[PDB]
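The residues making up each chain are set out below.
There are 6 protein chains.
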Amino acid sequence: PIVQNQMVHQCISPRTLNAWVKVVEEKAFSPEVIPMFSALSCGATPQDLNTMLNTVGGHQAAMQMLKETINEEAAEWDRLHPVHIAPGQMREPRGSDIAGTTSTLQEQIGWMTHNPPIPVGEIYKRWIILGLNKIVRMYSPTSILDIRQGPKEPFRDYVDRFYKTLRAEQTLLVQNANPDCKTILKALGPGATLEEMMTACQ
Amino acid sequence: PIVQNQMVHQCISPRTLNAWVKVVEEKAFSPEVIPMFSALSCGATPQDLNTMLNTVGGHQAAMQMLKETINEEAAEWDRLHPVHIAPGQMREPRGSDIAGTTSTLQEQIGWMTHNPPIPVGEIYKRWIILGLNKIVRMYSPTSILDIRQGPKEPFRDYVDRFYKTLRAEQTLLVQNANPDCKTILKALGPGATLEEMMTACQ
Amino acid sequence: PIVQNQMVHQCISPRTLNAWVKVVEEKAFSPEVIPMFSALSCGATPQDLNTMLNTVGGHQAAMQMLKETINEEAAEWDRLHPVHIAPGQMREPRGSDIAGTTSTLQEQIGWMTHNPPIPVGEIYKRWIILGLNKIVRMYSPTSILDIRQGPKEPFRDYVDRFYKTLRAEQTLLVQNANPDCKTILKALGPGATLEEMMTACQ
Amino acid sequence: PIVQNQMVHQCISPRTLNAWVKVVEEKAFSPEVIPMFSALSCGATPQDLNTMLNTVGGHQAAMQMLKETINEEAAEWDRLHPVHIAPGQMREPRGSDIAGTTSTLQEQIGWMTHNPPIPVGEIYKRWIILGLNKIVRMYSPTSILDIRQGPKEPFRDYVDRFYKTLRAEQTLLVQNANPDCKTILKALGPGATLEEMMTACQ
Amino acid sequence: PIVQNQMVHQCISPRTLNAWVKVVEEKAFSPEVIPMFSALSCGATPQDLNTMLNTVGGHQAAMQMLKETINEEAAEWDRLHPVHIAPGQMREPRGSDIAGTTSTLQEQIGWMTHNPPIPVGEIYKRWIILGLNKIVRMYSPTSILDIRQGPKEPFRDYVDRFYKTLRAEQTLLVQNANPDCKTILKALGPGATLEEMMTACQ
Amino acid sequence: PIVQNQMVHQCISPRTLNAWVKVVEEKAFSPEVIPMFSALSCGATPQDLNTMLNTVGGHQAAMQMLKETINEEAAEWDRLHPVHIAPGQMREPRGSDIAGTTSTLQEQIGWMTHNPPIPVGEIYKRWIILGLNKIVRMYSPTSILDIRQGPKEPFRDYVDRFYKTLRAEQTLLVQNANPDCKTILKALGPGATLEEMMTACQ
Ligand SMILES: Nc1ncnc2c1ncn2[C@@H]1O[C@H](COP(=O)(O)OP(=O)(O)OP(=O)(O)O)[C@@H](O)[C@H]1O
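Chains as they are written, first to last, in the working numbering: chain A, 1 to 202; chain B, 1 to 202; chain C, 1 to 202; chain D, 1 to 202; chain E, 1 to 202; chain F, 1 to 202.
Don't take every hint at face value.
Identical chains share a label here; the pair holds if one copy fits it or two copies do between them.
Below 27 Å or equal to it, Euclidean Cα-Cα: the simulated DSSO-like pairs (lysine-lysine) are [what the hints assert, rightly or not]:
1. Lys186 with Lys134
2. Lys22 with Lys125
3. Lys27 with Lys186
4. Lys22 with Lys186
5. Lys152 with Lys22
6. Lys186 with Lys125
7. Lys27 with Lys182
8. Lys22 with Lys182
9. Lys67 with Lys186
Read the hints as simulated data drawn from the structure, not as lab findings.
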């Protein structure tokens, strides 16, 4: 990453490398993996972003869809930012320079530490996260329409499932409740908070 | 977080990220999780606060009630602190800027490091903790009225349960004791410390 | 804690938080937990002291006796140190300011880093340790009078039990020995070291 | 490695040493091991590169093929860069100096920290990675021609295998699909993204 | 400990505390525990030395013999170094000040950082190690006279036992060997190295 | 060790201590332990080198052979470097000063940080490694002459054994192959690389 002592390059730590690889193994593409990726890549150069993605051993169908999303975002960058060099001067980054495939570590450090910065790590991280969200939505196993409260399922457990499914995918909470809790909820009237709905069905 | 070398931004550590995620998995919303959250988010920007909350994989009913509490506190902030910008100058934070949804990391660092600081991380952390306490009270399984000493339960074990329940929820200790220890406690008179009550029933 | 770079505030580390919580879970109130608490809270502000105590999930009977001891020590502080403020000036700490309930982190840092320091963390830590020792003595299961060497128990194992019990609670070692080792010990005469007693009964 | 405080030598950390040794034990020469090696050897001197390779306990057939690749690359270096010394002056590195066998740590630090740097660690790391890729291709158990979707294998699982095999080794995805998904894929027409192919066969 | 940034006090780390406690639990008073204690207490003040010893939960017979050795060494210090104070000046340390029982942390830091240092931590560590060696010799289960090679025990395994026992306790290696290896060893003549003895009996 | 902030003494870390002790327990004197020892003792003073060797609990036959090798190397040092002191001046190191038995930590730091350095840690580490290699060769269980490919053993697995044995101990690879792979290898002609031999017998 690039961090403060002036703004300097540091080696990606063995601990960050290991944390990312373990979250992916333990959680696959459950939605919470995305804000973990984002937090573990704080300050990341594009090189570091490629290291984290390249160190994942399975999920190669997912990694391949991610390259497609990366190439689409890169081509849209080249559309808005054509390039045309000057000895000892900085070249403008193209899509593939941002994605880390045709830029060196030194070019990346030079863009990221310029005054003002050309923030190639934050740009690439936005493309990667966009790709990762399409994958989370892909691998979401259930429609929110099939999250229905069981006859003897505690309301809380049902709400946990309902919002878990809705996060992976993205009135109806009440409709999908079981008869008994549904009746209690119809009676609360409009404008009930989730806290009030969950207290009523306890 | 923001910490001292002057006051600088540091990346949230893999170790803090991991600690928070594990305490939540192992303890759910037992009350002791709150002072752990508070301690692990020392110096946190609002961005970091959102990272810790977003990295929790289950308990999405709880996370949703928390957003409601956050939005209520944010709307009360906008009520007391309306906003109306000046080139190169700091804008005043609204509720949603404090909660980290419409403020950038740079705005957050600028508020938090101003002289005097606009402490957006400490403000948001107070809203989050308020939300978390309502959740601890929600998920508290037992009324203190149903904590009663068993016929052969050691007094200490009963007191542990009584104060555990009372912490999750928030004369009667003696009333809820078993006949034998109850008799010993009635005899101590008024003004007995817990230490004396527990010595008597040993 | 407060530590040296001048004397600065640092966030309590995830590793200290975790160490304290694990020693308590694994050892309860065996006496050795006290010097661990003392060592893990080196440099602690009163806020940090409250964090370590608040993060303990069970033993709420013990935590409650501890508050009683804290309030007693605080009331004795107010007896010896009454307070009576001056813009931009430091107020004198009362008992509850020392215990961290009515003082802010900033007041605590200001007392602890003053020339000369008002060492509010070391004062509160002494109250806490006093409370913790009363708890260690409470939860000590056995009188030293019931530590007696078994007919075929190795002398060393018996001495380990004898001093373990005596530490939790706080001529007789010989009296409580088994007939055979007792006879060997009577013969050594007065003025035998523990090393000599233990060599004789090997 | 060599890292920034000026550019200084630091001891390879016990944590890097241990991470490398564990990834090799747990993953052998699955392709993802290569970008892990590259990331764990950030800043590495040739000495450090030899330490990481020498600390691997099995796979000695692989380590021996790696020496062959190293010697070939070293001989090609000597072909393009003959050497011919001046008191207190730097000698030019030969192949075996780059590979760390006839250069000392001090010569290595002197090349790597010169203005401009003679980047002996990055040169040797490129040779090592080249050798490691030939080993990944060697130990790849399956041809992509034998990755065929099973009659009841979910399409995603098949794509994971297909791209896993293709990474170890390096129209046909559709050909190798099962009849039912093959028919759906023929109908999509040309120019389907992987995301669209995978949605269709869900 | 006291370490270099000038010479400053640092908090004993949770990791040192934990390492010491685990080596004692896993190894008791096997001899190798002594050089581990010595290495984990590098820079230790007497306070830190007491923390490491006080955090050990069992072996209280051993801890008590250790106090006896400490008091003997302290009384011998007072015999050679009597004391007789000057405002703002350093007092001379007595035995019990060195052992950490009547000296404060500040006195300890003042002795240890004086020009020239009064090295109270290194003095106390020598007393502790002396005590620890008497304990290692106490708990040594076997005389070297009962280490004899078994009829089918590999010579190496026997030598491992022989030197293990001799380290806990502190011509005969050959005498204690089995008939067959004994005969081979008699034939080597005088002046055989251990390497040659062990090669001969392979 | 001695490391850079100028060149300063640092305490050997609990993590290095623990890593060395675990590699020895898990790997004994498999050859890869040597470059791990060398890497974990980067910057080591002779004191640190003795700490790492003294903290090993078993293998005391091996530790004793190591002392013999150390004493031989030390006597050869005294043969080439006799000594003959000057107030406030540095004495010349003898063999036993280098090995850490008659030199203090301060003498060691003074030799190692002199301009030019008298590198007593690197000298002693070379003696130790020499001793360790004689031990690796001792404990090598098999001659390379008894590494022969089994009738149904994959060629790779056989090559792994062949080079594992050859590393512990230090045309024939082909001779020791099984009939079928032997025939394929005879046909390749002279000048086949290991990669080509291993491809042919796949
Ligand atoms: N949640 C946890 N609970 C218990 N132990 C943990 C946890 N997380 C990490 N550890 C311990 O810490 C190890 C990983 O981190 P480590 O202890 O090596 O810290 P470190 O990197 O040395 O700290 P620093 O970088 O500050 O020196 C693990 O092997 C484990 O023993």
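A quick look at each hint next to the structure:
1. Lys186 with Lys134: between (36 Å within a copy, 24 Å between copies)
2. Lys22 with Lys125: both (20 Å within a copy, 26 Å between copies)
3. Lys27 with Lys186: neither (37 Å within a copy, 34 Å between copies)
4. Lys22 with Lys186: neither (44 Å within a copy, 38 Å between copies)
5. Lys152 with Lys22: This pair counts as neither: shortest intra-copy Cα distance 36 Å, inter-copy 29 Å.
6. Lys186 with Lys125: Answer is neither: 45 Å inside a copy and 35 Å across each miss the 27 Å cutoff.
7. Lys27 with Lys182: So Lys27 and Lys182 fail the 27 Å test inside a copy (33 Å) and across (30 Å) alike.
8. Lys22 with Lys182: neither (41 Å within a copy, 35 Å between copies)
9. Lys67 with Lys186: between (48 Å within a copy, 23 Å between copies)
Hints 3, 4, 5, 6, 7, 8 from the earlier list are contradicted by this structure; the remaining hints agree with it.
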